[PDB]
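The chain that follows stands alone, in the form deposited in one PDB entry, written as structure tokens.
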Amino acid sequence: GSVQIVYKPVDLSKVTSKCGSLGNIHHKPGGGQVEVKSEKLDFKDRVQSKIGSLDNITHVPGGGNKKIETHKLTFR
């Protein structure tokens, strides 16, 4: 028999920020230290290893707002 699909999501949504100032921000961490010892590394399928990383990050967006949309129709 007849199959009919109407997929019609509607979106008027708004993500809004006012800020009067960002400033006087001081990221001043002391000296980090890292050691790793390992004797063999053996990686096979879809492995996503990270070893011994040392990150200092200072992220200061005037907005930094996120809107994420996922729309899926699957038919068999």
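Residues that one form lacks are left out of the comparison. Numbering follows the first chain given and starts at 1. What we label the rigid core is the largest C-alpha set whose atoms superpose within 1.5 Å from one form to the other. What changes on going to the form deposited in another entry:
- The two forms, fitted on the rigid core, differ between the two forms by less than 2 Å at the CA of residue 37.
- In this overlay on the rigid core, residue 50 has a C-alpha that sits 2 Å or more away from its partner position between the two forms.
- Core superposition between the two forms reveals a single run of 3 or more residues with every CA shifted by 2 angstroms or more: 39-50.
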The other form holds:
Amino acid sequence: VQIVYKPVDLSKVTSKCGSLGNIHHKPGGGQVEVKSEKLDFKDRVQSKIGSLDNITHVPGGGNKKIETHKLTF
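Having displayed the form deposited in one PDB entry, please output the structure of the form deposited in another entry.
The following holds one chain only.
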């Protein structure tokens, strides 16, 4: 049994920008009300209950490269 694993990755990811601008984020405020009794969370549980998270995200260009290599016997 001979296994040869030799993938090759030379692929570039490029982002270029002159300038972005005048970005304005101006939301009004709201209101949230939550009524519950019991919560039971088990094994890898994520949650957000009752929130007003306004988010401004302005990365000056960006990229994601996700890569997985897996061998199972």
